[PDB]
Amino acid sequence: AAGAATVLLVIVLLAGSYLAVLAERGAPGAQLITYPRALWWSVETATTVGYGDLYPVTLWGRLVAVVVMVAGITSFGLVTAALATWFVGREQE
Amino acid sequence: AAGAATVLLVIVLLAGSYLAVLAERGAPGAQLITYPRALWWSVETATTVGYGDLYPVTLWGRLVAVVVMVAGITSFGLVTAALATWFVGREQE
Amino acid sequence: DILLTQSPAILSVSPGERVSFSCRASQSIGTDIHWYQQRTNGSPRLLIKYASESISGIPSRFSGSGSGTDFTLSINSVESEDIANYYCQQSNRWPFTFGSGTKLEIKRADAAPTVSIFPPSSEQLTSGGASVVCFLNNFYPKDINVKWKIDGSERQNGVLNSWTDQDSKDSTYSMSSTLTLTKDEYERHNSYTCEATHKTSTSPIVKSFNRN
Amino acid sequence: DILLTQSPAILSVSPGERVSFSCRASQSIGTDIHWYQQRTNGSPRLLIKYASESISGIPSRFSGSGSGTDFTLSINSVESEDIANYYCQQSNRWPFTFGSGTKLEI
Amino acid sequence: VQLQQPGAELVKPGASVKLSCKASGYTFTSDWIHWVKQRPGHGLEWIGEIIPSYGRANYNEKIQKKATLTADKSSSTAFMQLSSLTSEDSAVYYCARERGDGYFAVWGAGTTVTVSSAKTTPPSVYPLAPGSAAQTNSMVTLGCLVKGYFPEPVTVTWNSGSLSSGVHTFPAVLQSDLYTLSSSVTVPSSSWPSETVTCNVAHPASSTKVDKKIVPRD
Amino acid sequence: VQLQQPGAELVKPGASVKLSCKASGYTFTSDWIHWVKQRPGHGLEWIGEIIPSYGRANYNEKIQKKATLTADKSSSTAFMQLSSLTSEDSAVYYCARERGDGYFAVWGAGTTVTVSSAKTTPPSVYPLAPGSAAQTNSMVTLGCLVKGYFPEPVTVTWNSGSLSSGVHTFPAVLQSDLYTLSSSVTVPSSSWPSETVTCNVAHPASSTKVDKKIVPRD
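Listed in order, the protein sequences are those of chains A, B, C, D, E and F.
Be aware that the first sequence starts at 45, since it is given in the numbering used here, and climbs by one per residue.
Be aware that the second sequence starts at 45, since it is given in the numbering used here, and climbs by one per residue.
Be aware that the third sequence starts at -17, since it is given in the numbering used here, and climbs by one per residue.
Be aware that the fourth sequence starts at 55, since it is given in the numbering used here, and climbs by one per residue.
Be aware that the fifth sequence starts at 1215, since it is given in the numbering used here, and climbs by one per residue.
Be aware that the sixth sequence starts at 1215, since it is given in the numbering used here, and climbs by one per residue.
Hints in this document: simulated from the structure, not taken from any laboratory.
Some hints could be false.
[To be verified] Pairs of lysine-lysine residues, derived as DSSO-like cross-links and limited to a Cα-Cα distance of at most 30 Å, are as follows:
no.	chain 1	residue 1	chain 2	residue 2
1	E	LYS1232	C	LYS165
2	C	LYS85	E	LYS1276
3	E	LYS1279	D	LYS157
4	C	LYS165	E	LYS1280
5	F	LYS1276	D	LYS157
6	E	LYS1427	E	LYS1226
7	E	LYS1276	D	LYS157
8	E	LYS1280	C	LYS151
9	E	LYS1426	C	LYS151
10	F	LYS1361	F	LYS1276
11	C	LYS165	E	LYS1426
12	C	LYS151	E	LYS1427
13	E	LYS1232	E	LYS1276
14	C	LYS165	E	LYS1333
15	E	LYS1426	C	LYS189
16	E	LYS1276	E	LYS1333
17	D	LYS157	E	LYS1280
18	C	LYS189	E	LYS1427
Here chain A stands alone, though its shape is the one from the complex:
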């Protein structure tokens, strides 16, 4: 809720970045192989931005990716259902 759905998004967004590097390192070709850009990648995923920077190539990397979508889109379908109430409440008051 308040900052609770928020926090869970960030657990996912770290572990998602961490496991991404672990799964993708070893597949010849992968771009998702340093912990920085792996983190940016999990945001580009939780938020459905689809910019096209990074993406996984290994099977397990795609599994990590799916979890980020589910657990992120859900968090963000609730962080953004929450940022939308208090600021509209603030300016509607």
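Fit chains B, C, D, E and F to the given chain A structure using the hints.
What follows is chains B, C, D, E and F alone, placed relative to chain A:
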């Protein structure tokens, strides 16, 4: 609400375009470096379109980008919750 | 750092004709190229923006073409006032870059040089020198052979020549010639001559003055 | 497996002068190149990271340039202590790779 | 004139120098100020940009970073500090007004920097009137000779600009750390000397402009 | 010293060998440990990476996969097992500390592996002092000769390192399955022999370090 969540989206969409050029100018390679296409980029971000035209490469540019997603998706999860009521109200009446 | 590559380096053409400078980029930049003209001694000046759009106050001769990695500045006609260097510049990726440049030359009808010889001013001799200046004006082609003579004997020293880049009112060249002596030395000779063997004239064009 | 290609192989220069080793990649890697110096008998040693950023404790002679497929290590001046082999290394796609190397003669 | 920069500077080798660019017209929040360098007989070398209002500056990755950019937010003038120069650093330096849309709409006149240990010398203008016995064609040619000045350049004008019909100013030559050029003008032999003709030679580096009427040989 | 690996190993052809890398400093969860191989006179050959904490290792696709990576999570030491070697497998082997951001910030000193069926031989250090009648310039040159050791290498130091001014250690030559090199040091003829000068020759492969003071010819 009415046009209030709307307006806040547009503050973000300008400052987002403005700061994007400032952060990305100086990094060798960036495409996000003129104020026009920087503005189009913040729409391609607030709306989750992910067309793949522009995107940031600097750290700070990505930070600007995240703010646009949060503050935009939220605005747009409310501009679009608002355009959906009055036109459906209009044609359901 | 994007590479703009303008081939050719120089461009010959006859007046009134069409002309096209190629620019070629080292990767796709869509349409974010811009063209600048820079005449002799003057700053650059925007000609075309965004590879096709025209600038207000630019002659309708100039026409912007191209997209992708191939671009083209074009002049639908040519006249003498368009002689200059021409630069492209991409604005698609940082840093902004420039092209190597292309200079525009005009093949025109051959013209014979106007020769003028000038004695050292009264003011000049009053200090300790007397230089004799000789102007060759408005010839084509630019390949001309000046020749000094003092009293009929051929002096090869104290001679400073300077050539103008192709002027942009007529497409012709000009050339000066300082003759550095001393006041002392200038006094103990009588004649001074200036001889120009140019393509137009088998007979060399000659001018002279005599202080006595 | 990305190919880093350092031309030339050897580099002659007079002391105090500027010098630039080119590295050229077999596809775009943005800015994820890094430069290493390895003197005679010693291990390699990071010089520039991410193609432009400098390392703390590295002489200000060294300057990182480039982006895309063209990169450049540069030394704004030269002195006798910089004689070594020089290597690049991309970190943009797995596996990490190295350059052929360039030696610096004076 | 929109962008407006000084004419010429002279720097001892190893010394520093500051370069100005005061710009009338608009002074938008989003405006950027660029600096381009033109070594003689070369192309255009971008050096770096600065947005004055906000305050950040970005320099050219590839070149030896000698300079640094600054601005005066409520004077509408920007600066560039070149530090410890060689003779490789002598060139013309333009400022440009990029609106933020990617092209240099407006250019300054360009500042000529000459890095030498020589001394600054104002010019010596001498008139050039035809000989006492040169047969006068329909057009008569006459000029004036600027001799022994340093450093470059000199603005040569005729009647302070009113007569720009038929002029060639010749390139300077160098000799023993002083320069030398000439100018040539042409008028109808009907109008001259019945119309008076003067050449005005400004020399920015020394802050001396001088006049010389080309009279006949009295 | 951060990354810390042994000096030299000797392996019979076909036998296996294990290589260590104990690393003080930090021991982050996210740290990776890489191994790079430098055949003599060659470039750097990446072999593979290992994240010690979690436990996974990825090897070089392209090379004949002879080795395997391991680690000791609460000793801060990582290992690499090269199995059944040829003489193509003789080289220097570095470990590197990649933080997870893409570059090798920290390097070990490098382990020299020599795959031969020869026997290990400690060195024979002999002093090199000038002849009894060599006219002494302002600087005097003197050295010491390490002869007949196997396998490579040997650390040659002067006064145990305090005098590193004017030293050249020469490359070893090979002969009948033993090596030979020399070292050269230079001091002011004022200070020596009034100051005492010793060369210390560590030989890691045999675990023998030896000392020899370069005295004059008594």
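Restraint check for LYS151 (chain C) with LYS1427 (chain E), where alpha carbons must lie at most 30 Å apart: OK: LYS151 (chain C) and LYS1427 (chain E) at ~25 Å, within 30 Å.
Hinted pair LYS1276 (chain E) and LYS1333 (chain E), Cα distance within 30 Å: violated (33 Å)
Pair hint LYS1280 (chain E) and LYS151 (chain C), alpha-carbon separation not exceeding 30 Å: Between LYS1280 (chain E) and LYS151 (chain C) the Cα gap is close to 40 Å, so the pair fails against 30 Å, i.e. violated.
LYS1232 (chain E) paired with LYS1276 (chain E) [C-alpha distance capped at 30 Å]: Cα-Cα ~22 Å, so holds.
Pair hint outcome, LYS1276 (chain F) versus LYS157 (chain D) [Cα-Cα no greater than 30 Å]: holds (26 Å)
30 Å limit on alpha-carbon distance, applied to hinted pair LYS1276 (chain E) and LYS157 (chain D): Roughly 22 Å between the alpha carbons, so the hint for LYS1276 (chain E) and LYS157 (chain D) holds.
Given pair status - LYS1276 (chain E), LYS85 (chain C), alpha carbons within 30 Å: holds (26 Å)
Straight-line alpha-carbon gap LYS165 (chain C) to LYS1333 (chain E), limit 30 Å: holds (25 Å)
Hint consistency between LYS1427 (chain E) and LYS1226 (chain E) [alpha-carbon to alpha-carbon, up to 30 Å]: violated (36 Å)
Hint consistency between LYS165 (chain C) and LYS1280 (chain E) [alpha-carbon to alpha-carbon, up to 30 Å]: violated (47 Å)
Straight-line alpha-carbon gap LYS157 (chain D) to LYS1280 (chain E), limit 30 Å: Judged against 30 Å, a Cα distance of about 27 Å means the pair holds.
30 Å Cα cutoff - pair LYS1232 (chain E), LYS165 (chain C): Between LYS1232 (chain E) and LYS165 (chain C) the Cα gap is close to 42 Å, so the pair fails against 30 Å, i.e. violated.
Hint compliance for this structure: hints 1, 4, 6, 8, 10 and 16 are not met, and every other hint is.
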